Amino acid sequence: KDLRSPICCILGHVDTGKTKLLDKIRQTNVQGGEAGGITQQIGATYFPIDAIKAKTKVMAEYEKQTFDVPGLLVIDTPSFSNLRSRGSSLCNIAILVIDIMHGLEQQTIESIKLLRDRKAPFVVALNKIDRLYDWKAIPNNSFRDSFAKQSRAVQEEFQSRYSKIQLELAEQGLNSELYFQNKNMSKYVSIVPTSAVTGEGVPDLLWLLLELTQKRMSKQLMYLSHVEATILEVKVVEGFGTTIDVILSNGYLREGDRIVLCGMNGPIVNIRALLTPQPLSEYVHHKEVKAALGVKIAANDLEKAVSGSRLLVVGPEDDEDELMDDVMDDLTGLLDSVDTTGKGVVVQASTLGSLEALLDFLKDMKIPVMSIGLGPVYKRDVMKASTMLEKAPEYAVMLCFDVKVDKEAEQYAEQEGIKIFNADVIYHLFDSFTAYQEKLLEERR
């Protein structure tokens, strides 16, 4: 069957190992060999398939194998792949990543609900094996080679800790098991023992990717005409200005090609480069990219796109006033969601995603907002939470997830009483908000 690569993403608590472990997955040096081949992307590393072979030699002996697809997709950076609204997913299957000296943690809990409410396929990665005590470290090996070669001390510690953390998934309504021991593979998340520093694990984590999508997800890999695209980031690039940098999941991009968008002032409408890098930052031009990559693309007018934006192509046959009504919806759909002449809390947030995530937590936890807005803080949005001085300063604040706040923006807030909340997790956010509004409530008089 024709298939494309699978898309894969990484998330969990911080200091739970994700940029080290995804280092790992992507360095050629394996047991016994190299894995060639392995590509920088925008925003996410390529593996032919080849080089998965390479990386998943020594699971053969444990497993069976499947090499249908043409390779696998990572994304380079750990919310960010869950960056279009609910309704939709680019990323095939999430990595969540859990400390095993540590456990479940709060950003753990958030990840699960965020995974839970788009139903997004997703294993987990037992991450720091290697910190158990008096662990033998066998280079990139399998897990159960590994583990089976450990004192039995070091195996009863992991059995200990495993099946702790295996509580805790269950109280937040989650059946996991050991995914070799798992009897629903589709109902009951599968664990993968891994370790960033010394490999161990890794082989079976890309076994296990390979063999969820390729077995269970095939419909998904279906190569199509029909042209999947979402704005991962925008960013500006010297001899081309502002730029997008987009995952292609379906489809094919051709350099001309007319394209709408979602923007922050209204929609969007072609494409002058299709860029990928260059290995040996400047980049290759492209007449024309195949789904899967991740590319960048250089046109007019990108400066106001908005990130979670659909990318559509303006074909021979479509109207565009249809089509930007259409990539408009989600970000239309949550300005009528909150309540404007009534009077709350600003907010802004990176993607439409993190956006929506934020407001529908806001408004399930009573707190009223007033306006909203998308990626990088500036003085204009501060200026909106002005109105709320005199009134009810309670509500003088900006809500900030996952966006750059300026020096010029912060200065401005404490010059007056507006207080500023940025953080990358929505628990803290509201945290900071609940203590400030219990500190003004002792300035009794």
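Positions refer to the first chain, counted from 1. Heads up, when I say rigid core I mean the largest set of C-alphas that superpose within 1.5 Å between the two forms. First, how it differs from the form solved in complex with ligand GDP.
- Just a single entry of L178, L212, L362, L174 exceeds or equals a 2 Å CA shift between the two forms, which is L362 (rigid core superposed).
- After superposition on the rigid core, displacement of the C-alpha of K20 between the two forms stays below 2 Å.
- After superposition on the rigid core, the Cα atom of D117 is displaced by less than 2 Å between the two forms.
- After superposition on the rigid core, displacement of the C-alpha of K407 between the two forms amounts to 2 Å or more.
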The other form holds:
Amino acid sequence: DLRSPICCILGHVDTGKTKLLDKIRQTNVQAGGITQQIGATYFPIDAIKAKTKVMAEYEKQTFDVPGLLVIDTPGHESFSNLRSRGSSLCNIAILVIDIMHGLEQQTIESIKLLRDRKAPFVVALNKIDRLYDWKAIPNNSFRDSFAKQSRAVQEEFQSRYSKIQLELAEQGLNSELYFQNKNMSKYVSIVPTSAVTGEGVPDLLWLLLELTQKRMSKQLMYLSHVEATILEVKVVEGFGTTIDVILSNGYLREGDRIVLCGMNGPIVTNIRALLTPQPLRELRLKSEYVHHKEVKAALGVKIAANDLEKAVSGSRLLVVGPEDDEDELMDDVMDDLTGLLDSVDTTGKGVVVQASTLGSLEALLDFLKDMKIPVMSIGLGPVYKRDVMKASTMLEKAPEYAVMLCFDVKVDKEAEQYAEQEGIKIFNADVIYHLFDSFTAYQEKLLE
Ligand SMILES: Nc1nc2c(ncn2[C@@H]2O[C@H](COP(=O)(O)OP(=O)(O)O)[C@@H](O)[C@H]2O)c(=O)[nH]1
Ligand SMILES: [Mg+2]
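Mind sharing the form solved in complex with ligand GDP? What's above is the form deposited without ligand GDP.
All chains and molecules follow, beginning with the one already shown.
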């Protein structure tokens, strides 16, 4: 019937997003069936019902979708694919904000990322239990526990919340509590949360269900064509190169013929194995993985197959069924990469760019297009000496354009030394915006 929605959690360090995730993950004693998958964890709808029971006191409950899928992996893997395709990787985003700290640098970074991404999101106001002399009711709804609290506590909460709402107003986005908010489009919804007590978690889950079911009912339907995107390319012993992928829709089976985007060219291979993590320590001891002859959306799965090393993160994966043309499909999957590649001119004066994923590369090229800096070549995966040579060619005619913009990429020591001696400039940042700031700083420092 319906397709399970995908949730992603992003916040400044020590906000409690991991702890919150663990609280939601917590085994329910009554339900159950929550499985840790590769790059994600899945919650069956019954477990959510069990967790969202108290929300019956304030809101109408709907449980149409089979489950909720959230992404465990730290960072921004949920945005490794193109923004148009982005809906597949992340239906809704959870921005965790410490009610104590309020807005922080990584928070503003994440906000800007979401605005560029045009991705819908809600904010979780975590650490509310830390409010002075807060009396906690484990796993209670927010409004109930708030009503339970003393006037002093309510006033402290109101002060901090008002401050944070003001800070969000500074970033240009209007914010309101989820029940108070009239329109989701204009106002972002705040749900106060405590990852330790579990307070607000029912509100959060209910809100996710509401937004995803109502707004994304349109977005999430069942499709017989496969829908999947590669979160990561990782090397696992006994399998060589494997790809960790989120299967948003459809069925994947062993022995399937699949085509995926690759740096040099399109990759075609047959699935040798479909793998999921194994919870039981005793069984995990024999083998770290469980094999599935067939796998059904929505879940995060590790795919083992030939020629996976060339694979690019963020790329969509297509299965050629009978009556389908594999070559046509290769062009189809490659279309995003080619689409980005064309924007760069192999012939002309430009800078060199290297990125980890398609989405990061997209954001980079968008930034350069805005700043009007031309790009001669595009790079994916680890930086090598040749990639630096590409920039080295620019040195004779234009010293200023002989630079490398690299995001979330690993640079070889040989490449590092070569660039060091040659005088090429390499920009590398964990955060995409850090690279923007440092780069503009470099341009203005060369401008003087
Ligand atoms: N009191 C309280 N502490 C929290 C809450 N959420 C997180 N913490 C604390 O914050 C510390 C670090 O949080 P962590 O989950 O590692 O943040 P993350 O790495 O950004 O996900 C942990 O030791 C938690 O005890 C909360 O809701 N209430
Ligand atoms: Mg963490």
